[PDB]
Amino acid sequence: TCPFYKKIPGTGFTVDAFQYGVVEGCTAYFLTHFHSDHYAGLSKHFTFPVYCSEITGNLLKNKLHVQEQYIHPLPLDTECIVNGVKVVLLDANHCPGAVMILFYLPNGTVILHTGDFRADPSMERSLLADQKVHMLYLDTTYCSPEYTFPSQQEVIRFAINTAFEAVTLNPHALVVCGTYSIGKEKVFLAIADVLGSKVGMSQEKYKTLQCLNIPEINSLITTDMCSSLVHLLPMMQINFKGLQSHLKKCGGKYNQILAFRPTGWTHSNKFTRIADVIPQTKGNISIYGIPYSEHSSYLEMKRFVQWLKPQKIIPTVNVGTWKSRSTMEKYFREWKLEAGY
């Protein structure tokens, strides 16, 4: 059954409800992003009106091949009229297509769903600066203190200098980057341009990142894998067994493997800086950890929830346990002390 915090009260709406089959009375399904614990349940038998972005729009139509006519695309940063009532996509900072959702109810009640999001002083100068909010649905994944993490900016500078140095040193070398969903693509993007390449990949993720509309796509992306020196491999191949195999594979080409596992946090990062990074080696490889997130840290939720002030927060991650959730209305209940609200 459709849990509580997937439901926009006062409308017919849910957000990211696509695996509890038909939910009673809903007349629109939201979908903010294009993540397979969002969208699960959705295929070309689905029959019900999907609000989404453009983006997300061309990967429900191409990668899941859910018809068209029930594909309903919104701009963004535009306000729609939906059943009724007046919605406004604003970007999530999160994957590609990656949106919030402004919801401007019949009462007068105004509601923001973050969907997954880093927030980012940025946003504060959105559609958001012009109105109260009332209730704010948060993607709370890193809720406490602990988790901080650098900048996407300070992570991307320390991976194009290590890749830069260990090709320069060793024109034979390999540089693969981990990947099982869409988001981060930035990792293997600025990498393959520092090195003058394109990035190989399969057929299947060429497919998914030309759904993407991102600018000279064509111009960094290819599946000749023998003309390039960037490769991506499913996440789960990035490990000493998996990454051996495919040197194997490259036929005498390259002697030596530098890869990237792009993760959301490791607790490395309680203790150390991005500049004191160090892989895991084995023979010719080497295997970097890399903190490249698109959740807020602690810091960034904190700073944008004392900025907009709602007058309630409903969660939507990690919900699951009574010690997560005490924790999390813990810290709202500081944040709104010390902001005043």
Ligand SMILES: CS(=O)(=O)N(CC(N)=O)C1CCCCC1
Given for the second form:
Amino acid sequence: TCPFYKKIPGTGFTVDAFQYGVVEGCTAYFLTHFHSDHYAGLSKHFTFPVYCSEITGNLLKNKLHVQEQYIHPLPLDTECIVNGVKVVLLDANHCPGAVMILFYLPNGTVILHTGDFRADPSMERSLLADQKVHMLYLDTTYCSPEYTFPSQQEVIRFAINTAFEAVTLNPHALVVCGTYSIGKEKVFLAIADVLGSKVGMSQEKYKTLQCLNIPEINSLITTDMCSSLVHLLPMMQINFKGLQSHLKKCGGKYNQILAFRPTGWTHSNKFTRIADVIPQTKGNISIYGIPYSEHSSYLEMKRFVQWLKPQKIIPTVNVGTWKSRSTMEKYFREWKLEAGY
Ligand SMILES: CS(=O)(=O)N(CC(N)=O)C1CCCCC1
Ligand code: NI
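The form deposited with this ligand bound is what I want next, because the block you gave corresponds to the form solved without this ligand; please supply it.
Below is the whole assembly, all chains and molecules, this chain first.
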């Protein structure tokens, strides 16, 4: 049974709704981004129209093997008509290819679905500036004031400086970065750039990255592990056992590992500053957890919503408990009373 918050009223449209079989009345299925909780259910046998970004379309075709005739890519920042309804895709500042969707309903209502997003003041000068939005379907992942983290720029500065220092001190150190989905590519690309290396990875991860329209990508990544001193591994292998095992396979080329686990928020944000972050260490292996978020902080979310001034908000994350739902509704009312809308 498809839940109400994945349906767009007054249309034949759903958003991120592929795990419910054939949804009654759905003439077009929108996909905001290529993360498994959102695409769950799509495969080579899907036979309905899918609307998405070009990058998402590349991943559907090459990784899930969806047939080309059912993939409908749309350009960003461009008014398009889909099954008689005007829509616009906007950059979500999430992972590559991720979008927000603006729907202009036949009755005059305007709906924004954020998909997953990291709110930014730059969104205040998109096509959102032009008109009123009545309903907002909101990525509420971190909708509580305890959720603080630094800018992406500050986290990358920390990672670059940390990696460059370690490898300049010991030229026989290897850098490893964890991954389990698309997103957060800047972490490993920025470290490899400062070290003058390509990023080495499996054939499967190389395939994924080749779908993302990143400029000059062939100059930045490789499947030749022996040529690279920055390696990507599955996130599950970023632990002392898994890294010890990987070091053995490198044939005495290296005598130290510096590893990075880009998490979302963790409780150590409530205590510590980014500059003060320290690794976990056992012998010649050190592991850094770095708070690189592709979701809005509480303050970023609050600013976006108080700017947009929607008439109704529908959360799309943390919807499963009465405590979470009550907490979110209390913040939405606070924000409106403070701003005066
Ligand atoms: C826009 S708001 O004031 O924050 N809001 C809560 C919400 N979920 O939109 C409600 C206001 C009263 C009518 C239902 C909507
Ligand atoms: Ni996501």
